[PDB]
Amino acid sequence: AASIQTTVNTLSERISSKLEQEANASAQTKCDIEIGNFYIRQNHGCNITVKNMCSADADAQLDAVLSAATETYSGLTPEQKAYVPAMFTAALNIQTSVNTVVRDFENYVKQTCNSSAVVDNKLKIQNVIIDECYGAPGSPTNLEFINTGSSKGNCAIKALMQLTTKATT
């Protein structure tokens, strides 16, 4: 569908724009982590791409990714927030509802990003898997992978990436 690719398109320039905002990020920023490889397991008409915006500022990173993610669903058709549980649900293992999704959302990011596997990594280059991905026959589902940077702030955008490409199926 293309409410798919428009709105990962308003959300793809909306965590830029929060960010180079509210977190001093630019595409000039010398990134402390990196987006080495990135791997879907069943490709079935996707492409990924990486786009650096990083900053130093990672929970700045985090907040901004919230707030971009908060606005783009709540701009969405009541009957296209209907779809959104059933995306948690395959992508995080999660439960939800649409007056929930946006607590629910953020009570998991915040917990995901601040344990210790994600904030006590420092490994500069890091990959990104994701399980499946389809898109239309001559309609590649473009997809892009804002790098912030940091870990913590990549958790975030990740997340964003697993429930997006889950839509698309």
Given for the second form:
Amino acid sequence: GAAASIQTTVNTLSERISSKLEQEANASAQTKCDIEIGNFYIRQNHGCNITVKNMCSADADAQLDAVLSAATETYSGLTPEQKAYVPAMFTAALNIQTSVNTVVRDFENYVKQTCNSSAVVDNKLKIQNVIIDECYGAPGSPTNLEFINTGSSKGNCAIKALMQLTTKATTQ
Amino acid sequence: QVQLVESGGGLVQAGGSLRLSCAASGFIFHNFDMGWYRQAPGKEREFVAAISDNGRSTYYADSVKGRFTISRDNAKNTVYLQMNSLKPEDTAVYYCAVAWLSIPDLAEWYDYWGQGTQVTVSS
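Mind sharing the form deposited with its partner chain bound? What's above is the form deposited without its partner chain.
Every chain and every other molecule in the complex is listed next, the one we just looked at coming first.
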């Protein structure tokens, strides 16, 4: 029942992203994507179904603080006995300070500084691939990860930070 | 175990040309979108060029478009930055690294960044 807490958290997370993107950005499954997502590999894929849904818009900053929204949301809606496990997944995924009561602000500072980096915001390769290191699954049950696409390099940046924090929990 | 290595740089008079190379070892390169980036003294890093894994899609920063050309040899596991019409404003440490969305671990991002080769274009 330990796995199911996380898997549910990841499916809750995906829902909140594909929603907060159409509600807090003008995103639609049929909108055009400035940058498409050609391929999604996992280096060590031990039971993680990988899917790429394009939910693209044009306002990247909204795409960004909207995905910020989904994360802070899926965080506090968790048990504080579970929100207690996020600080490690921070250092594990992003080699950054932990904390269970200031972590929403830690992710914010990172993405507001990384996804806002030129090397990130200014790379606009129309076909970009996405690659994660390790991702795991419950013995009978696959972790189902959807790489929602935004189209703008900024947006897809924030998506990937979360995918780190999400694939860094699947370690269990 | 993943090592990128960048070579080809030096001193060339403005309006000159240089071919920059990046040897790749440690991973399946043909799988990897790659980029050239640069960092000058005082300025933060700047995106310059981007190649698709295969090499069919590319992208260039607005201040190098037309004068720069990124490329790859998936047989030799190498990325080239053909640099023409250089300007003293291109003087910098140049880095082939992995495209960000295509970095496996954001906690060890440095492993997908080379150490650099320098280019001093003079008046």
